[PDB]
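One structure below.
Shown here: the complex without one of its protein chains, the others still in place.
The first chain written gets the first letter, and so on, giving A, B, C, D, E, F and G; residue counts start at 1 in each chain.
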Amino acid sequence: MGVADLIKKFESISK
Amino acid sequence: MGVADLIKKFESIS
Amino acid sequence: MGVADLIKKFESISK
Amino acid sequence: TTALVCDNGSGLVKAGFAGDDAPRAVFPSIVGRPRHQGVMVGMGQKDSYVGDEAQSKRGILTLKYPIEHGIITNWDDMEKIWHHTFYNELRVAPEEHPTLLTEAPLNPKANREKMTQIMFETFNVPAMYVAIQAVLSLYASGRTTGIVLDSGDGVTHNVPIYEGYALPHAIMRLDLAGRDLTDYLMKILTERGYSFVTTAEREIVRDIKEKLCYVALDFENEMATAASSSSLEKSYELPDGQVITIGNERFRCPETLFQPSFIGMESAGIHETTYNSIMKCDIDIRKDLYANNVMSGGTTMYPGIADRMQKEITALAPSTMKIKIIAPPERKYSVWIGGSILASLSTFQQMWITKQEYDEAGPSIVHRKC
Amino acid sequence: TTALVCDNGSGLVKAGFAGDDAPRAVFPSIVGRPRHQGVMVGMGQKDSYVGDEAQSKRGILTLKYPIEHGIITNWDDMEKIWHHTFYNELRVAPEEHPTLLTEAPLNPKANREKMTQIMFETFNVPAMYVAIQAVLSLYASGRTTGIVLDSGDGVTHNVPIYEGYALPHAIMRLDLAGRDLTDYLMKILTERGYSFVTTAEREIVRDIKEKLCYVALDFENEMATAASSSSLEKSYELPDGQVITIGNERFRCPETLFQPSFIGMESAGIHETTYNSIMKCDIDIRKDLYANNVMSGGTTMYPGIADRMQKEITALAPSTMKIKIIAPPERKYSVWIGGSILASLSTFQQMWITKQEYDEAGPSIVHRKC
Amino acid sequence: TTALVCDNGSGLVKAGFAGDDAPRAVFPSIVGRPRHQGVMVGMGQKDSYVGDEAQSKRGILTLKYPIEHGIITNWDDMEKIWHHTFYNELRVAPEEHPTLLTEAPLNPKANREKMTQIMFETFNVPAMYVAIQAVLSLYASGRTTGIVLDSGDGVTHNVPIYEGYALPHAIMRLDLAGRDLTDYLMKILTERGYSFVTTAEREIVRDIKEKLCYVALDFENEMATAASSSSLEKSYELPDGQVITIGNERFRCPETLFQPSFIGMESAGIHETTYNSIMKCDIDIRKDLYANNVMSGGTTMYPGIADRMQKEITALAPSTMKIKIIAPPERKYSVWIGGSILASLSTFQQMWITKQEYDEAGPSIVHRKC
Amino acid sequence: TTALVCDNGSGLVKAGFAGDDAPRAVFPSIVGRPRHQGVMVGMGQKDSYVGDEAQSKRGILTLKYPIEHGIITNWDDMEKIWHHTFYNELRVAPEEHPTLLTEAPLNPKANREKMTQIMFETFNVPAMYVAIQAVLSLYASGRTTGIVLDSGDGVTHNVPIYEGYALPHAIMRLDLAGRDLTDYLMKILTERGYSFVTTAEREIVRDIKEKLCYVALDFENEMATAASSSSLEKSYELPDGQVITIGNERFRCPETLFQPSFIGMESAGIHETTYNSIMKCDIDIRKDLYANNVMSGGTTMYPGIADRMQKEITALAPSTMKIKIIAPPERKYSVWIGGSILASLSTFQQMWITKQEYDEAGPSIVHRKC
Partner (left out) sequence: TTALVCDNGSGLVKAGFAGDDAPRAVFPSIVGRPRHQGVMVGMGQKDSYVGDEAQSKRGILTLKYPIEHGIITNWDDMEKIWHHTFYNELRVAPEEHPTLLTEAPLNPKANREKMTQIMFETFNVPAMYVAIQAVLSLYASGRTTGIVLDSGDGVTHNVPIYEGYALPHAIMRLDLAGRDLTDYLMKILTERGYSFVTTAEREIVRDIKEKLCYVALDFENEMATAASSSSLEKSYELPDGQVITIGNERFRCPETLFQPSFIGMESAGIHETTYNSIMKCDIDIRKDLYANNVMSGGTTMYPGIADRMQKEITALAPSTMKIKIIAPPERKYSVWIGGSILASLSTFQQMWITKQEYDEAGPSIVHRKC
């Protein structure tokens, strides 16, 4: 629903 | 050009 | 009313 | 120099200058011819009296309308009217001003061309234009969406116009307007015991119609009422001094408009065409088209008619839809009121047909300028 | 006993016995209603005439068609027509003969049911049937591959058929036919100065469009010719005795078929549908389908139509592909010709709807025998 | 500054600012062309309207959709739509923001090119990108595993995605989408008696299908229910006033999506391709890939459709495997919800096609970056 | 009483008498199923056609191939084909003839059994025998030392054979024959703008990919070659009339065989198996086997593959062994040419399965005669 943590900043999956 | 009684059963179905 | 008035009613809506 | 407009309906040709909010002259477009033996050198005996001047002296001359059902039957007589129009009611020079003319829709193409050729080769006016009476009438009401209904001196035409664009495949003509009612009113009065044959009577009947006739809000009741003892009777006095009383046959005259069977014509009344016209259009239009029924012309000046139309259209329309009839009391010149506007407006000033184009195209040019 | 076939279209109902090659009766399906007051007690001015004899006495009645655009509007009058057929043109007991009817595709199913119902419970015929008013036409030409265009006075519908199988997902239909052309030839006639408003007059115009019109093999070119001096003028004589001269508007009437914009309708001409119908079919079909355009219906009797249709298609069909219009001379009866051949067949007489079946499942049966 | 996402769907275009959670403007991507000859010289009639405004006045127009089945046919008017969605609908210059476009899978190469070229050189936008109208939709539900089914008014295409990787050898497609239903519901309406032919009317049907249809949870069962009288009758009101009563043919239109045997097409409905697409993937994928059928597109708003799908898959998929149709409530905008994220997303900002890199390579560069 | 060989190839069947060096009748093994409703009573339509006749009516039919990847998945249909082969394609009652059948290696056991059990019971043939669809290909070319490479609409496999001795631990297989090339081509054909979905069309792409594809002697160079405009653009004329221009995608489709990464399949292309299969054989053979490859089947008729192999293997095999690709220009029937020479062989009339033997063993006896 247009949120940041992983919807607007898709989850920090660099590692 | 055509006739009154063009071929009846024409396709000859069995 | 009055045609002298309605002219503007169309003159303005003309553009 | 200003523009001229003479909405020459088949009856009282109205004419005036552009920009004015009222026509200048109004007069019965008739041509009088003396018939009886005239032997007196004193009288200023002319050969053809025109205009109300001719109307002022009926019993001595004859009457011949030059316009019959929206077309021009005889030309030379009609020619006098325009000539008498400019030089007596206006005293203005035709070539000194551009003019605008009117006409009903679906008119014979032969009428148009001659109306222009004469308008140039006998007056050399700068530019002449011919409008469709209904369209101008809308300009009068200031709207841009409605179904005109003009009728007077004998023509009847509904013309739907949604927005800017007019739908030519839904305009119905009708030869069932004021003239025949007058003729009918001359017939029905015979029952009561009166006589009217010569044209000089027709003017009387016309005036009698104009003030003692009203449209019944419901027909049979008025019949049932006036048949029994009632006060529908109204006394009128002829210009000689006699008096007549039209008891019942005072709403039977305009009722013809809603029942052509009274004369036998197969067509249906205006309360049936106006609906039967709309349904020719699309579906997304009929919403507001149902709500703008601007009337015009003389024949829409009857007292009761401002409502019998509203009641009727309701009877043959989807009930849940709303109806609003527009009826400006100054409608008797609406056909001409708009005429000023459609000529004073700025952008229109190019729509004209100067003499120049006529020279290089002849009368056939107007077919692409209507 | 033998089987009866009556292909009651929108104009002239056709009816005749099976096996024959020409229907017994042909007459305009109209229902006369006298309107004027009649005063003579001796002569039997009956209640309602019907048929050509009604057509004979135009000026006294109200010619009111019972069929409009394929569907049936008013029943009793229609019911008279069938009843006038069986007892005056054929004088045969309906209940003693199987009967077959025709009707255009894509029609309100409510029409079908109330047709077959009245066919049983008011005539008790042994077994009835309906059929696609286009398929029979294909049976006439003997082919089993082509695209019909039967467009007689009520509709215009193409029904492609590849090999005995129809293609119900590509069957266009157009509500535009002679019955509507007549109206257009009536409006455009007023351009000259004539007039026809009453239905009795309307029937006359239909009699003119028949023997005076022709389709321009090219429109803009031909129209420009008759605009200048030329001999495109003709001269028809009304039953009064006068004469009219339709100079240019003799090829502007049928042109409407290829440009419905003349009356506003958004759909395109038949030269579009016939093409824009084929493309809906598969790819391995279009080759021979492009080659057999059987035509039918009265509105395909115009002289120069058998060529305008070919030229138009080739203008938008791929070049290397070949088109060939098939237009038999007796197309005016093609439908009834076919239907005769249908009931004549032996493999087919099993398809009927036996009376007991209807009595078993009501009239809703026909929705599975189309 | 910020970025712009304008999903250029085939029906209602959708545009809005990147990063928000709802698109700004939505309006039927149609272009108007007035056809009826217009005579009102004062009014400022525009040449060709486009947008919801051109949708408001359906009366005098010729609604010509510029996008047929996810491809672009008419470029000019399409360009006009872009020119209208930028200035009049958003009042923001294009060259001030990088923009994102959407486009269906498996489209003609030429389409992508003549989209970018027009996007760059004619609007001087800084940078542009075009992604798949399926992958975008997955970002709506946030998942990185599932099989989209976005099918809005022009196409239908499942695109399996296991773990951020596509499977280009399984993308199906279908020209059996929303638009074609409107065509079907139009034909099936003739059954009752009503008839809509002009595109202005064809627009109305969309205002019925989308608010009176529902997917039968079991077709053959329910169709026998409403056969006998029941409460399946609804009564919609046209913008004219005459009401219609679609009794049965309200759950027979959307059924087409699960049975193209009605319009004649061969490829089975989506209740089969979806299962028949999954099986093209490997074995070890189908476990969870069976569990995420993220739907999208306007044609996924039918009430029942979210259930007949689930009731069908398990009816032909292995029983011991579980199915979970994740159908979000506001899927009508899912495609735009996606882009509004992917653009504002940080990492992706490297993939744009800058005017810099385009100007040395020409429009032939889109093929690699997408 | 002569023997009879009818290879049941997975694409178009091939049958003919034993001994003679040419197959009698070839026709695509398909089964017709009418899908559109049928309304023409007197038409001589059947319920399901089969054979090249059923190939001619691609429009109305629906083609369900009975063979898929070398297995049989539709028995009743397949049963008609043999029946349609014996009677209505050769007119030879099979009782008077012992027959020979073919089938690909590594075929599901349940298939081969049921083949016999039908071939005996419902036909009453004296003796039947099923060979390997590769061993027969050798005996065609006479040479008894080679590595066959079958292909074409179904399976693709190699079977090393040193001296009449197979090597069952080296037979490969692949579901990558022309069937998917005909299918993959119809995918990227969309890229240009065309499209084909209905199985009626899927038999047209085959008519393109037959006479318009060629395998590049070197892939990457050809791409950049035809990337810039050149003389690779060809044309083809559909059986409707509109033409297409497959410029580049005529050497990309036939090149899936050498890079199955295009349709996602993992196992490397045939340019690697044919080498990788060899290495599974003993050391003291390769030094000779490399010199004898015998391609065969419908897939290997391209102006390419017949050569590029000889170039490719050299990049893998050691540069000292000699590579020779036998490729007779009649290989398209090689599988049946050989099968003919084997039945007419003299020392072979013992290995047949006598109808007697099948009785006391049932169909299970086939598993000792292969």
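Here is the rule we use: a residue touches a chain if its C-beta (ideal position, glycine included) is under 8 Å from a C-beta of that chain, and two chains touch if they have at least 3 such contacts.
Screening G:22, G:93 or G:110 for touch with the missing chain picks out G:110. Here the missing chain is touched by one residue of F:48, F:144 or F:195, and it is F:144.
The chain that is not drawn here is touched, among residues F:19, F:168, F:241 or F:328, by F:168.
When the whole complex is considered, the residue among G:2, G:245, G:261 or G:354 that touches the unshown chain is G:261. Interface residues of chain F facing the missing partner chain: 131-132, 135, 144, 161-168, 281-287, 290, 317-321, 342, 345, 347-348, 351. One chain is missing from the display, and on chain G it is touched by residues 71, 106, 108-110, 167-169, 173, 261, 264-267. The chain not shown here touches chain A at positions 10, 13-15.
As a working rule, only the chains that are shown with their structure count from here on.
Residues of chain F in contact with at least two other chains: 36, 42-43, 198, 200, 264. Residues of chain C found to touch two or more other chains are 10-11, 13-14.
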